[PDB]
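Colleague: Okay, here's what each chain looks like letter by letter:
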Amino acid sequence: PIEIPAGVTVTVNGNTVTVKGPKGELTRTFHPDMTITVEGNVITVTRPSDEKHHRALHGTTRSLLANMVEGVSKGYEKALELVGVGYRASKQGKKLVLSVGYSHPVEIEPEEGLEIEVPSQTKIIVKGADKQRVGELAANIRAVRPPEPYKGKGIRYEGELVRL
Amino acid sequence: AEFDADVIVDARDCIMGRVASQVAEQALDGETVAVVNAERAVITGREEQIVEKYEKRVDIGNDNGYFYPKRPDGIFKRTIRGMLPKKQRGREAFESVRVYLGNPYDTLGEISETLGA
Amino acid sequence: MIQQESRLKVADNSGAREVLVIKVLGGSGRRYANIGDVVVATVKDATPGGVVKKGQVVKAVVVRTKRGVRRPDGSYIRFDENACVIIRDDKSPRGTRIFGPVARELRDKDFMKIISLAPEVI
Amino acid sequence: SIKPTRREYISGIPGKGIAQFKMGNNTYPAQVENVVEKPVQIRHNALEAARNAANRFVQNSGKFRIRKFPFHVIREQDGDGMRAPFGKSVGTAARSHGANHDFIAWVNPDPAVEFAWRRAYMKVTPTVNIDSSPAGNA
Amino acid sequence: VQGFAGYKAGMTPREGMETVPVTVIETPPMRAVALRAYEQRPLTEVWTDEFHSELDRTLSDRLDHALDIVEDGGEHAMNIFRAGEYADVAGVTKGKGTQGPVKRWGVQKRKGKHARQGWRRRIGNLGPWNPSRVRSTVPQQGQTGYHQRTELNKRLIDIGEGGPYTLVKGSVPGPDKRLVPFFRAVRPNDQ
Amino acid sequence: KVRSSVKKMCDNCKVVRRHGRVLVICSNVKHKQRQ
RNA sequence: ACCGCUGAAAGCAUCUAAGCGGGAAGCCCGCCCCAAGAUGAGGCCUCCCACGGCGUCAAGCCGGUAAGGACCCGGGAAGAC
RNA sequence: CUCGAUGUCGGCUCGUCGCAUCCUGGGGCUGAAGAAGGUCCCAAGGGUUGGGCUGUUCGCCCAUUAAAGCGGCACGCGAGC
RNA sequence: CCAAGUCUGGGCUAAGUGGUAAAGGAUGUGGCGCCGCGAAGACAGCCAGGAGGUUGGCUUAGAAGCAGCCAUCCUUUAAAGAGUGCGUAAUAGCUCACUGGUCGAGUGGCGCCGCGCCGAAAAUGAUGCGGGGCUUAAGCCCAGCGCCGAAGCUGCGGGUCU
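Chains as they are written, first to last, in my numbering: chain A, -3 to 160; chain B, 290 to 406; chain C, 1017 to 1138; chain D, 4 to 141; chain E, 2 to 192; chain F, 87 to 121.
Keep in mind the hints are simulated off the structure, nothing from the lab.
All the given hints hold, so there is nothing to weed out.
Quick list of simulated restraints, FRET-style, between CB atoms:
id: 1; chain 1: A; residue 1: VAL8; chain 2: B; residue 2: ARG307; range: 30 to 40 Å
id: 2; chain 1: C; residue 1: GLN1020; chain 2: F; residue 2: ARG104; range: 55 to 65 Å
id: 3; chain 1: F; residue 1: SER90; chain 2: B; residue 2: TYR355; range: 34 to 44 Å
The beta carbon of each residue, even a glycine, is placed where N, CA and C say it ideally should be.
Go ahead and model the full structure; you've got the sequences and the hints to work with.
Modeller: Structure follows, in structure tokens:
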């Protein structure tokens, strides 16, 4: 039960939902094992089960959709924290070049779609087009570089804390 | 390649059961059934534990050996052949049936492949 | 070469005479004490109680073996005898002095200490 | 149901050795209690115990009453080996006739004792049934 | 023919800087017979006679560059194998034959007090009581000397022509001089 | 850890189902409940 | 095992059923060693051409074709034979 | 079942499974910083040494080691000692 | 595989349970009763004070909910919190058990069940009897329906004793 604001070109074929937009050019999938919902100016949930089970099944899609959108129009953003009294980073090459001891930093690449940003060496973050494909990779590096909360330092999901 | 047109059939979706069942049925009587489809085929949901059982055909290796085919092709091998005995007719009855992948002559593609497909 | 209870004299003065070969030092399996190598044996007998004394738990290394050592220099070397030197956990001799020559070896596996004390290293 | 040799020739006339009945406190209505369904020469000891540990965790008001008590017993190894077996006693109890009035957690509003007994069941052995009485438990 | 190969020259070491023993190997270009491809259908080996004079007394790089020398007319000089390289060779065991479970297969024999007793060579045992008759496990006097032996990390040092021949890093060609040697540097690790 | 017999620590430690499996979860290394 | 992302049913959370990834001296593959007698006898190249007379679906009896092989001899780290 | 008969301890050799795993990797836990330990979940590949004294296994002792594993199969093996 | 309905009816499974196991766990799932409320506009979200005499007794060197043994009451007022809770040296912040705006229509609780997943680790190699089977697959429960199949019972005919 939602919307499809400005530009959300929507094509639900075979079970795939093709969503074209601004900086959100995206083609996602969406179950045939249920009921689609679209009307050119809105859209929503279809009851191919109405029953608790599948109920949620779409009770998820809903979001799912919600994603396509917000994703297709305003792309997504993951806020990362660079907390290292030694570690540090600042883009380099078509990827990121973080560092945190060891000896060989590392170059990480946001394959077509994903795209990282070095607002300022210390902190960084990613802006993709699919919260999905984002949060993941977004993190898949947030760890990539041990956050070790033994006493404070390392890659950490924005809004963390400490320890003892 | 090309052959007769005697037992002209295929596969896909159906229930990888009675499926073969008759295959033979006419596998018996005295007929040749050359079809194909493998992948398309079909069989019990529960994929998972689905691909298990036949991986039980997978690494079921007994010094004395115990191959256990690794392409749809088989799956049907076993099974079917299962329907029959092993004295003459039966046997032969196993050469008389024949299937294949995509298509040579005018969930059933995962366990295999899976364990070999 | 040189294990179980093969015996070998001293050339240093540690206060020894000869020593039985318990283990070949290094790690499991292993079956051999070849100069440079380090042995886990004891006194078969030692002077009149210099500082060591007969039957004393010990640690010594390889420097004289008639087993013949093939020098990477496709060369060959051996001796009329088989014996070595004691040591202080710290691959460090005791004998203040040396005796019969020895072989580059040592150096290669650490010991100078004797390397030079030696009357002659062959 | 093999039982013993007689109430005064083999082994009959004891105290069975245990830790008496009543505990907790009164209570006119509130029906708080415990019973079973299992059949078993209720393991004396195990028994005695159990119940007790019950008090161990509570203390005062909650009919820590308990309507059980063994009074006969088994026997086995003593003498030659395995053949013509005489008898050496040990371990009396009582048949928990396939369920019945166990012990009672009886009192006005004092579940602080229900949980108790509870702790009492946990223990025990043969499963046990958690229950209430005429009215329930308040 | 996918590869490169010839026979055993012999062994000897000598020189270097520390010194090192190898082995000699004979083989110019033993011509080029068709070439591997399963195109349009089943293709593998042809034969447009162009061989020796006697032979009718019995009448994609590797293989590729081949095309280079196998179409030249037949032969094909050996030696990309250059200065410091790791092919691999597959000799032919050595008519050693049928021997006792002794050398055939490492094993301790007749000990002392009975390590002689006109006693000696002969395995210890087979299978227990309950287990079941036998295993295809314990080898046996499994003849040797014929095996299609070979190995790995086969480093070649140098070569020269006067007679197309190769010098090797540690021999162990398996079979004997004048023997059938085939080399390669397969899934090298020293790479 | 306890494989067998898990039941709610912290006043939160959740009840989750992975592989029909039931493995305790709650904001504490001191809860890593699993069976 | 073990760790995560995207998110239902529980309008708040959850590695989760469905969607996508992380992760082992381990499995599959890869590296050597057989090996179609795997009766599903596999591929391919390079040779040899229609001989005789007899009743037959004579797919049966003879000269053959060194295409070719053999046997006997002489020899092999090939080897009991 | 066997007395018209299944030759029994330990050793030797040749081993083969199994996992509750001793060494070994992977993990989560800790009253874990490091390092080293403890706790428990996943994995058997490979591997798991010389002597001593004892008929012994077991076991204590000596020098190692990553380790110096628990147990199967008539507590494997006498038509093999 | 081997003869006989991939019968029909209406439930329940989503683990291959069926194809061996107990004490013991858990908003699994499906069907039954209870306490409180959604226009004192309800539980989970969110704004805020996150009230004062409460800083009472053993031990105090520190109970002063957040060491532990006993209390568990009063309040001026929007009500309360015998302040269940992370802590530190006791004190010192948050959290509902307390409710306004914003939504707005079903939200939390125990009893009764029928189905089901962890506990449930083994030695040659693997197992429903085998091939196999996930709304006639098939399993399991309750309903009607027709076929199989003994040397048993009818038909055929002989046998034979009382």
